[PDB]
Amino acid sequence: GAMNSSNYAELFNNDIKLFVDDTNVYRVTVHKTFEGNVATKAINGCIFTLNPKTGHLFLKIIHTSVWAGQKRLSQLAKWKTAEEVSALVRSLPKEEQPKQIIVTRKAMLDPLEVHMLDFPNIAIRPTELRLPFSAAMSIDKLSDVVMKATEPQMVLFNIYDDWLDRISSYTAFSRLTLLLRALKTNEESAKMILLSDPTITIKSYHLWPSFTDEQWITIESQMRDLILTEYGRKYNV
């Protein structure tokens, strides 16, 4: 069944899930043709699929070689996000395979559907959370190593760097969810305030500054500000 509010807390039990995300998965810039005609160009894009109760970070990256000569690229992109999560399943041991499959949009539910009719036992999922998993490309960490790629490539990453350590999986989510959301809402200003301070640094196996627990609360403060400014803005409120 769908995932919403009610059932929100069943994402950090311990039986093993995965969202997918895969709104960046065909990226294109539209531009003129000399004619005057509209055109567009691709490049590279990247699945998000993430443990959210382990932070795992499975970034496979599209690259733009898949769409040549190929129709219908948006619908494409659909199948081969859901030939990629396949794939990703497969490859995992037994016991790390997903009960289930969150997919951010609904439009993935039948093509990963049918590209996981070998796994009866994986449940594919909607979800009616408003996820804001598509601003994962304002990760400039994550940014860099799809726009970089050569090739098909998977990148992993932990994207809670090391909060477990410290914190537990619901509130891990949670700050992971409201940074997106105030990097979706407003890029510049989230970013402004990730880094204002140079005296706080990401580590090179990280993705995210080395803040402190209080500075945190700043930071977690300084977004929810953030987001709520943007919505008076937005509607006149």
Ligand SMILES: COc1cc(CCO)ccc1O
The other form holds:
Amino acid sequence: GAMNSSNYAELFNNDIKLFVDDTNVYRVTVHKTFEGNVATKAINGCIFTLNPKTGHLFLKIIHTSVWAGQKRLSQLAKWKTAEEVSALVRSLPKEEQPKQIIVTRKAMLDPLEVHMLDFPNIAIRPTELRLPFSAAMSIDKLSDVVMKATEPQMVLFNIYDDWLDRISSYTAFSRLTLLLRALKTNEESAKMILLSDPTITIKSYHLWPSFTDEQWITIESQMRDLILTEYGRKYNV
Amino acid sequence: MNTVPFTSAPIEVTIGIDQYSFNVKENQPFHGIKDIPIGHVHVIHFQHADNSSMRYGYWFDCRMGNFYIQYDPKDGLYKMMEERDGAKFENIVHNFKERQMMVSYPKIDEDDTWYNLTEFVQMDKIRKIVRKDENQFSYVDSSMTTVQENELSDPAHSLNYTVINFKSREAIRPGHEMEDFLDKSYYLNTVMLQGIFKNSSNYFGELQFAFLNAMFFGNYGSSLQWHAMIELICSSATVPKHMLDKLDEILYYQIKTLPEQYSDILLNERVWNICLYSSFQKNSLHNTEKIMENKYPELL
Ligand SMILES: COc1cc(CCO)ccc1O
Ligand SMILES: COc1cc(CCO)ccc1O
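Based on the form deposited without the named molecule presented above, generate the structure block for the form solved in complex with the named molecule.
Once more the chain from above appears, this time first in line as the rest of the complex follows.
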């Protein structure tokens, strides 16, 4: 059934699974028309499909042309997400396909279940966790590839860089979710923390800076402070 | 006008004949029911006084044979049987009528209720849902499960309603996933009507039979079937206009007949609010929506 704090370690066992987050699939700017009405302008989006054990990020870029001439775009976006996830599973060899797909929003359950009827042995699950995957577009290199796309495109990243050489997937996921929670609560501060020191670089093939183990402790501490700080700035505490 | 005689009434029982019921006391001198209108199916049904558990009964059509009821003390219920000796039967009934030992099917002349509840129900279709081919009549009770219920345990005793499942490959064309799930017209018109039921009359017959088993026997799987068949039409954008008008009439008389105190168990809040207020056919069921709002406004 639903994925929550009680069964959190299931994410790092050896049954292949994927998280699917659709928050950034349908993205718009709202503006005034010359007549003083309001309209939307879509911008490129992305499906965030993540294997939490390996860090595999399948970033399906959703180009604005997929919305042309379509109605009820927020509803379509969920079915388009489910169509693209289903297509991804089908492309993979059997031994590499997931045994579970965890959707981060419950409105994705029926669209994905319907597109996956051909796969009765893949479990489609919701979660009670509030995961901060919406903040994926605050990662500079992910945002860059989405906005530059001129056509539909799938781009592959490891969202953990090389961390699994040194830490477990439980710890890597915890680091990822702390970084993303921070970027979501105060993007400017979070990004100041991560780049403040010009001597720590992001390798060309990475998403995050090349911190030592000790520097990651400092970074992780600074991100907790930020989240608590913003929690006080927000609630006056 | 036909007759269903009873050998006797050895145990105290409430006996239903379609929407009418009467109480019979232990060893009361009751020998059956006369003046049953020809031209419709009927259902005789029972609830024992000592054990209101298991309402049960028999669907029958007096045009298909001479049927009587006899209590079986081994199996503990009133059983329907067919009498093949025509002159025996006629002579039994005439004696019981002469001694006035039978209740009269108590239909008011103005009253089309039973016709309106059974318009599309035929015995031959009932016997394909309820499989017991050596009898011309069909037994149903409160606990019998449906084939679909069993897929989710005795097959001989199942209600073989047509399986309807909105998240199934039968309901969803490859490459029409969103279209077919949000608009079930394909599944209604092509899969079910053209493919399985052949026409809307057979579909309505099964819908009506499911409702009657749900109301008379509190059969939960029958109630699931009735609501699924309503929801499949209401969730279709493209429905023949005669079917919508007929559906409104069918449901109207089902809701009208339904006792007020059973609504909490026999009516699914989600299906009815969806069907009357959100679905494609939200504006197509004027009679049903008006009786639902005046009789069960709490549900909505
Ligand atoms: C081997 O590393 C990776 C592999 C994939 C493809 C797995 O289907 C995606 C991202 C990765 O980092
Ligand atoms: C006679 O038995 C019953 C009759 C009705 C319909 C009354 O309009 C509902 C439930 C019953 O058991």
